[PDB]
Structure formats: C-alpha cells, structure tokens
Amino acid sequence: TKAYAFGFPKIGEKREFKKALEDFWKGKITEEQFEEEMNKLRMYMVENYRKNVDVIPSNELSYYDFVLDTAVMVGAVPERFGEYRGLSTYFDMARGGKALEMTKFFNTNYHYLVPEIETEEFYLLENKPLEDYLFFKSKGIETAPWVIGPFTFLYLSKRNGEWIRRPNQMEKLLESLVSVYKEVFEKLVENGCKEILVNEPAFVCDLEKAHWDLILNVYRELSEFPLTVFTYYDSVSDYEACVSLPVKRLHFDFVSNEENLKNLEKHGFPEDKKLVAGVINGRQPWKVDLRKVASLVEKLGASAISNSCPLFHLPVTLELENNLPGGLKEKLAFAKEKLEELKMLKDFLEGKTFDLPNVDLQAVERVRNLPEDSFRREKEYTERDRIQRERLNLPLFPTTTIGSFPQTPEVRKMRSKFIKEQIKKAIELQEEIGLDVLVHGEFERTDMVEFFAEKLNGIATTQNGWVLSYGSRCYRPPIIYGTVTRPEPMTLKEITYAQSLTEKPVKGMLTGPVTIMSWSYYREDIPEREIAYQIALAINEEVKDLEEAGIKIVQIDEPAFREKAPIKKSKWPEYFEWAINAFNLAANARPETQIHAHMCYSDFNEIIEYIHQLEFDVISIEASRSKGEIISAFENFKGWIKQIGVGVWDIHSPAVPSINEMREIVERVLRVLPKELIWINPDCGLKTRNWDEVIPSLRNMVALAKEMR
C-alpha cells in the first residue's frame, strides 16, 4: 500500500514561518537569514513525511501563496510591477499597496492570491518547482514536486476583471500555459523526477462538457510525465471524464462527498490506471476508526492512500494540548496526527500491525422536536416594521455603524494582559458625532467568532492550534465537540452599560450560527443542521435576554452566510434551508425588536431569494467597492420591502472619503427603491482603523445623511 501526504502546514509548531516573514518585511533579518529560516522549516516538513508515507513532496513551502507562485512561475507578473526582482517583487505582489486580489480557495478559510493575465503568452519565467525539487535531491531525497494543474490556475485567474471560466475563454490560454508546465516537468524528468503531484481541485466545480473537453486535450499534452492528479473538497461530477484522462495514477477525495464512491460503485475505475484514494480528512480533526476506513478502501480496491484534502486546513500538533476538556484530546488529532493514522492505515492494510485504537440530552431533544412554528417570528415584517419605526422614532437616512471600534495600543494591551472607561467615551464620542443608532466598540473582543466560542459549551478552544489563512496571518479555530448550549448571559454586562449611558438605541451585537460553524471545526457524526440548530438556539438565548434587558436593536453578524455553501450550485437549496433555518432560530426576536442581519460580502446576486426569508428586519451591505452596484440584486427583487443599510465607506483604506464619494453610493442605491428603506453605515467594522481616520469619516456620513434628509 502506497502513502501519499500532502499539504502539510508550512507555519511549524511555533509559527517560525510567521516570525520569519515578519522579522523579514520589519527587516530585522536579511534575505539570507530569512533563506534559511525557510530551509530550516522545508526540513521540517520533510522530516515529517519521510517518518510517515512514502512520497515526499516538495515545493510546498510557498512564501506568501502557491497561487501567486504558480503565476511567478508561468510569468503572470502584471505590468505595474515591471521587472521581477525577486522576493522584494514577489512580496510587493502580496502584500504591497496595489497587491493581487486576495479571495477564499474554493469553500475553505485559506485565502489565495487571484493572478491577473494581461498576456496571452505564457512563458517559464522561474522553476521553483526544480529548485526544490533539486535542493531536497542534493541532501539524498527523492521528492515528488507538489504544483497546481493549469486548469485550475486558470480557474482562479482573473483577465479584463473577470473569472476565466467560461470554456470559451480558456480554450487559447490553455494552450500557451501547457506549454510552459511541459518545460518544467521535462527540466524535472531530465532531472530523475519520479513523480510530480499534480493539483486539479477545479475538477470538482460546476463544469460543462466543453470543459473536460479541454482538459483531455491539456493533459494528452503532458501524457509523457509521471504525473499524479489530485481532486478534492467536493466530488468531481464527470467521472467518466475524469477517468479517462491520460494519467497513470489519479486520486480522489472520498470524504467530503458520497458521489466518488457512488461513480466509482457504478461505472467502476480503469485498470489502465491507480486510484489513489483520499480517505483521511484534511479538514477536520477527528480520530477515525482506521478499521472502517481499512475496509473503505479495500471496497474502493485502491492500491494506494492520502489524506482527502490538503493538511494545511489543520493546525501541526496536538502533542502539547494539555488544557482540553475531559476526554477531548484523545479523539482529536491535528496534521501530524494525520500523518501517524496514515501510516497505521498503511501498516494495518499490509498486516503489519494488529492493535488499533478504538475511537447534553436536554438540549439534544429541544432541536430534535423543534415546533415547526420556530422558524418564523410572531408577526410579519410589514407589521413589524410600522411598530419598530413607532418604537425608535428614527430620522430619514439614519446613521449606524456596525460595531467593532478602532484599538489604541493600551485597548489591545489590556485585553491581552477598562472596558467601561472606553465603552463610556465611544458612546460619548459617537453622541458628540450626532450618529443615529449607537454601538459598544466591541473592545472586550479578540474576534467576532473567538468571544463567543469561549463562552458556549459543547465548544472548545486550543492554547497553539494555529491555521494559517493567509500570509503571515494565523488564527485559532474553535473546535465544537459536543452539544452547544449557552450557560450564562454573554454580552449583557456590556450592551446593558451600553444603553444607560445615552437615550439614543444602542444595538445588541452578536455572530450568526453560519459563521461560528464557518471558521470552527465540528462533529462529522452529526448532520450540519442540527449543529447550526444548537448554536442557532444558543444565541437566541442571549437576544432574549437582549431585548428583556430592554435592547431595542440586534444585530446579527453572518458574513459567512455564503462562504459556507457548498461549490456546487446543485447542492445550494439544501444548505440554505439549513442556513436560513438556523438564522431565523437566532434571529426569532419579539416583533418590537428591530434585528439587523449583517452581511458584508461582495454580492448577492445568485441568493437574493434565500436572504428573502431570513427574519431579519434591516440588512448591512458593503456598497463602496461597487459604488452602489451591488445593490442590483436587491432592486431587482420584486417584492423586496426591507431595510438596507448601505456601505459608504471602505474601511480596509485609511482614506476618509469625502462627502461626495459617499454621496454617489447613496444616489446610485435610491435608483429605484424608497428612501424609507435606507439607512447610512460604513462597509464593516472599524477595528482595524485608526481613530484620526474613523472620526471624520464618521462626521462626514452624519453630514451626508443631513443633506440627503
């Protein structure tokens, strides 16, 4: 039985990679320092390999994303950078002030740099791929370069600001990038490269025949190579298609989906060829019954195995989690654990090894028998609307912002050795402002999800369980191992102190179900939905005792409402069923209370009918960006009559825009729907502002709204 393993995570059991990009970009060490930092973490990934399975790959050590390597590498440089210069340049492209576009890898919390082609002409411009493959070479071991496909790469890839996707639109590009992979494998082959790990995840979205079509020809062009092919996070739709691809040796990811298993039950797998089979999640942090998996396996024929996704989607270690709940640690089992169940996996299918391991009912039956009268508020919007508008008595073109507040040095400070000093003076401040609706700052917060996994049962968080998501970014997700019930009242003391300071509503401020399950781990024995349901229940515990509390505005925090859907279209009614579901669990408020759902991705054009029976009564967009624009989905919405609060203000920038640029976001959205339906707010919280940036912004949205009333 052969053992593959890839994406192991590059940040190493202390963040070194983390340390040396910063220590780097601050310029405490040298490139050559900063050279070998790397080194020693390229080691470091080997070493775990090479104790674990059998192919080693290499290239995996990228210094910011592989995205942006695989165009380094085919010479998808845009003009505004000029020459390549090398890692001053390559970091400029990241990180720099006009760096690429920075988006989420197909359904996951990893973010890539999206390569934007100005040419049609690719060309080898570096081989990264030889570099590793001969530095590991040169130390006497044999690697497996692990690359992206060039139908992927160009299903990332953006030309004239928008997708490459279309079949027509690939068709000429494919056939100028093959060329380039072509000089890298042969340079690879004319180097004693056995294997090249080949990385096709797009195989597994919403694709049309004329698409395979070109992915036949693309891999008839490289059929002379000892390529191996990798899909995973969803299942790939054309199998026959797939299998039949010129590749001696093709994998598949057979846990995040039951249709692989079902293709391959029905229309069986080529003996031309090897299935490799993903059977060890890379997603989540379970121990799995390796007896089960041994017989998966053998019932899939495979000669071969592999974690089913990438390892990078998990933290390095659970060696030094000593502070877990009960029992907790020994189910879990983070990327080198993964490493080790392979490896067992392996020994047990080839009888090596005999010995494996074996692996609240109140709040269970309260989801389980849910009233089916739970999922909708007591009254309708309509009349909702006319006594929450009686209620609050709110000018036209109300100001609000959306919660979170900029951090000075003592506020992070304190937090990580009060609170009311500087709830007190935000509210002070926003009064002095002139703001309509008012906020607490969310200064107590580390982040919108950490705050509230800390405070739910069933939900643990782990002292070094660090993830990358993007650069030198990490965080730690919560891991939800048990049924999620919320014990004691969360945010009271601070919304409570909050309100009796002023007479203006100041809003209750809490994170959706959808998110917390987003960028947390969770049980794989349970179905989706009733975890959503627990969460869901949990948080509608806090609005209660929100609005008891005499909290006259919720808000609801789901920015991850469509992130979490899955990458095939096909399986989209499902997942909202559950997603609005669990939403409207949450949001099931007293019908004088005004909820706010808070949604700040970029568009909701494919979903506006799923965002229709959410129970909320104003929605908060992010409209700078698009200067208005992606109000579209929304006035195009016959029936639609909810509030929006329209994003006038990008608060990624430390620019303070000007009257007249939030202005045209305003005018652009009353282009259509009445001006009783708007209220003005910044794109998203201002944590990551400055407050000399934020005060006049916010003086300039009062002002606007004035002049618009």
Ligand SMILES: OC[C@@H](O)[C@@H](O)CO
The other form holds:
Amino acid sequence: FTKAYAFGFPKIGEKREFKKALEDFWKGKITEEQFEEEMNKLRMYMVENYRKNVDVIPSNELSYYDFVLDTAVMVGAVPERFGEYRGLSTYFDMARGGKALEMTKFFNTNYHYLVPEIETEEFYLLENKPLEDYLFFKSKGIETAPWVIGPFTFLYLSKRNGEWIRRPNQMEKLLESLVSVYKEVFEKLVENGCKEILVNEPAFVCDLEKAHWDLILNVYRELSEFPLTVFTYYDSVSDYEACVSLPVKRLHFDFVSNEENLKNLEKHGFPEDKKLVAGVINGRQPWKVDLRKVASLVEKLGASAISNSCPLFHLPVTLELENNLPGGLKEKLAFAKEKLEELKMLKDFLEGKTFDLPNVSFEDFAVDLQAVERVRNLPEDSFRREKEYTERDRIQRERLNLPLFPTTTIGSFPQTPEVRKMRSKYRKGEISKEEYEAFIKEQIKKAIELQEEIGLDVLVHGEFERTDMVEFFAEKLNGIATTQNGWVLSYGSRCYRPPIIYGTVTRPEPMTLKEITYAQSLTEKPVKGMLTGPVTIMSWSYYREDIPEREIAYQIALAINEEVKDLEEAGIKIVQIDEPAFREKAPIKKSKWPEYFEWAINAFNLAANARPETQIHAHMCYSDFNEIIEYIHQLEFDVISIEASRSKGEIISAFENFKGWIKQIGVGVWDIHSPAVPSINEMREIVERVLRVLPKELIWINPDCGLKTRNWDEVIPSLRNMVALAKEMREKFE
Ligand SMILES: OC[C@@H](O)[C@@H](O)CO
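Let's see the other form, the form deposited with the named molecule bound, since the form deposited without the named molecule is already up.
First the chain shown before, then all remaining chains and molecules of the complex.
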C-alpha cells in the first residue's frame, strides 16, 4: 500500500468560475449567498478531482482571496482600521481597496499573498474555518484533512510595525500565544473526527538560524498530540537533522526543486519513529515525467507515501482542451489534473496493481543545435560592452543633447476602452493585421504629439499594442508556445497564462521595429525602444528542465540582443530593458544568490550588449536596493530608473552609499498606484533628497512605474507638473 497525497489543486475552476464569482459579487451582480453557492460547487469539483487520484483529500483550500489572509483572520489578526470583523465585507476590505493589507510575492513564485499586520501580542480564535470546511465535507460523507499554514511560516510572512517578524527574538513571544490558538483549532477538529491535518511550513526552506529551529522544535512539541503531517517546499529544508527530529509522525519533503534534501537524507538517514512523504511530482513545471524513474526514487527511499513536491496551484487546471499547441508539445505536457493522474499511476505501479508505466523522453524535441552552440561557445565579449561607462557616457550625451534633469516616462500609457476593444477584435480576427496596425499607428501619433505638447525630453510609443509584457514577446519568439486556457492564479481574481518555453529560443523576425521606428519618425526627440529582459521572460513562463536555467536565459538574451541591434540599425538612440525578475526570480535562500546572480547578470548584459553610442536604460520598480546593489552595479546599463515617491527619495540611500557609483538614475517622483495628481512641491521634495549626495548630472525625472493602470485625465496633469518641476530644478541648480 502506497498512501498518496496531493495539495494545492487549483481553485479557479476549468471555466474560471472562481474569477467570475468573485467579480460578479464585487460588482453587485450576485448576492453573498449566491457567491457562496458557487464556491461550494468548486469545493466539490476539487475534492472530486482528488478522490479519483489520491488517498488523502485536503480541505480548507478554497480561499476567497488569500490563504495567508485566511490564517490571519483565523487567529484574530485583523488591524484596528477595519473595526470589528463582520465577515466577507471586512475580508474583502482587508484584501482590496484603500485600506487593504500589503500584497507581496509568496516566496519565489508568481502567486501573491496578503501580509498580515500584527498589532497585538495576543492571538485568539476569531473564526475556525478549518473546522467549517471539515464539517461541510463530512456532511457530504467525505473525510478530509484540513490544509493550514503552519505557525512559524505564518509569522515569518507577517509584519509588526512595518518590519518582518523574522528574528527569533521577534517571534518567540508571539509564538506561544499563536500556537495556543492552533492548539484550540486542532483540538476541535480532532473532537469532530478529523484524522489528519496538513500543516504547511515552507518557511523551513529559508536560510534559518539554528535559533529558529530551537523555536520551531518547542512549537511542535506543544502540538505533538495532534495528527499532523508537515509539508515543506520550494527548496531544501535549512536544517535537515533539526527538521527530522521534530515531534511529528509524518513529514513531507520536496525532492524536486532541490538536490540537498535527498543528499542529506542519504547521509543522515530518516528517523524510524516517523513516516516520509515523498514530494516527487513537480508543481512548478508542466512536464510529463518518467514515472519509472520517479518510482525508483520512492523505492530507494523506502517511502510509504508520495505526493506533489509543491502546491499544484502554480499550474493551470487541465491540458485537455489545449489542441492548438505546436506539433508534439501537448503529448509532453501535464497540468494540475494530469499531475494528480500521474500520482495515481505511480501509486498503482508502486503497489503492484500495474506493471507498466508510459515511457517519457524528449531531450532532442524542438532543439535547434545551431542556435544552441551559438550560445554554448559564448566568448566573453558578448557579455561586456565595447567601452566602459565613462567613455559611453561622453558619446551618448553628445549624441542626445539633453538638458539637466531630463524628463521621460518608463512604461505603457493608459488604454482607453477603444484601445482594448481593437486589441480584442484583432485577437478574435474581427479585423485584419493591417487594420490593427493602422489603429496602433494612430494611438502612437496621438501619444507622441501629446508628449511633445506636454514637453517631455525622451519619449515612448505607449505600448498600446501590448497587454502582458511577457506574452507580447513570447508570441514572437520561436521555442515558446502560448496556451488558450492555461490560466494560473496570480492573486485575488487576477489570472495569467504563463507561456511555455518548450525548446531552443530564437527570434525569427524583428519584434518591435515597426512601432518604434514609426514613433521616432514623428519627432526629433529621442524615442525609447522598449523590451523585456531575459530573466523576466522565463520567470513568467514554464520552461524545459533538461537544460540548465542559465542556458535558456542566454538563449533568450541573445534573441533580445538581436532586437537591440535591429533597433540600433534603425537609428534608435535609447533602449530600455525591463528586468523586474532580476530580484524576483532569485532563490528563496539568499545563500544561493551568488550562483543565481552570476547568470542573471550575464543574461541581462548579453541582452544589453549594445554599441557605445546606444544608451541602455534598466528599469525595476523595487521598493529598496540595499540587498542587491552589488549585483545591480554589475549590470551594464547606462541609466537605471527606480520608484522613489513612496520613500520620498530615501530609497536613494543604497546608491549614495555605494562607493564609486557614477551611473545615471531615473528618479520616480510620482506614485502611479494613486489616482491623485502629485503637486510640484511633493515631487520637489523627492528630487531634492536625491540630490543630497549624488551629482546633479546623474538625475532624470520620471514617474514611478508604468502608467497603464491610470486614466488620461490623471496622467496628463501629473506629467505637466513633472515637466514644470524639472524646469524649476534646472533654474535652481543652473
Ligand atoms: O526568504 C523568503 C522571503 O524573502 C519571502 O520570499 C517569503 O515569501
């Protein structure tokens, strides 16, 4: 007998019933009772999928917005600004709106959770959702195992007075209080017949201190009387011996995202007093795997149970209807539903109920050797630009002829309903390619003339022809496919369809030349080429695992550099490369950052390997650069734009303290997440702060980030104020 587990199955539904329910309810289209009924249908669909494939059925997974927020509500962590917790009304206020909790990435994934704000030192059982869901399924004659976020990870993902609660001394006191509530929840479950509880502790894979583990041991000793099964994923646990010594009867390890868990288990063994649950089916990638190979790992480990490595919600629901993928790709893929079926196959095989498993091997599939070696024989010169910054700077400035404190923007422009409809009609084939392009040309012209009128120094074409930055390029690159319904939850009701890098990546034709060249033909002002970095493209896409990550990254980077070269040839003087994944794609373990940044840096530089006369702008809307400034410094950009409104310019500290910093900085002086129009005085405070140490010639003035989420009536007046401010600064520091 091989007990099979599974967790994190997508909640959105095959027809995206979840997204529609949430949105209809918010718009007032349906009632709370109707919203609930729809959610229960999804609940049944989920456990139905589980029941057909695995032995242990999870419950408490259908979150109405975020499971971390659900955990906070469970323990009473509701900020005072929300008043008494009413229910859904309060829940969504904490989730979205002007008073909502901060939203941030869940570990190193594309799912975003809500950051609990701990205002009190005493937790209490506000709502027992785990019990609620457990009883709901029991009433349907279905035994389930509540899926909950463990107490250590919960605090680890939370903040107290604006700071993370991550040091042992910051966690210790709160934990005793927190575990007491968990104890109450667990006791009630057991009293009601609950046989197993799935506790998620992914924080165990962070670079923890031995002091953290001392705290964790004490936490679980207090919960040793409950039927707990602890899961860890996204990487190897930070202290194997300490982890396996925890007083829990069942322990799960992710044997997919890392090799350390296995090596450590082979070297130190695994306790006889507890059972191992082998996470052997990947939840982060959509590739079919040779179940005979997986089977051998499980057999060597003598593991009594199996399951996916990490939550399945990082994958789309089903591959079933994906019948328009490039030839041969569909047969090598497997989404959430198929991953569950793989666990069933593995279970049956391991129990001798079957003696055969489908063969899986496609190493040569979609592999373009000529392009591969083009990257494998990479000579240093493709990673370092011809001349050093100081020399390039001299050449660029004489070429650009820009004033002190030049102004520009750094992203998309707002998209009217008309722009959206045209893109729609185009995708549906309602209109021709020539027709769509003509429309785009019109929007670009209007945008260019508007910037001219407003008085900006460096212009952008608006990107009215793009929706998702990564999808835009994925559709133009060979080796990358896009799905029709491969939806994956990002947060709340927001879903995205990750592209699939299934083979060697190359750029067959120019991807952005027509729009950029056209925009530039309308003005004497320099117009920016706008591209997305290599690491960002793969960060938002699924990709082959039988090739090192850095190779895929360099392949993409080379393709991007070809675009850069075509832009240069076309006379484009400035090229911006947005690489938000530079930090966002970094390992959860900062101890693994050296190896990661080595190639992330090389990938960007390969993509940005432009002629000395070509000004390269790197763009990243990070809230702080203190922990990565040393890596940033190795990127061969000429200008780097940052968001400085939130910190009122204090984010500049990482730059003024970097000895030898001499590159230009595009200072964001306007928060594009607010409809409010920044006053000239507000922006002035920011620029003045930035000018405290750094020389004035390094500074550019621009908005914080893209503008596509704002309306024109907000953008125009803010842009004019930005120009007015820059003009003022020039007179002052003339
Ligand atoms: O160390 C992991 C931390 O930086 C966050 O990604 C957790 O969500």
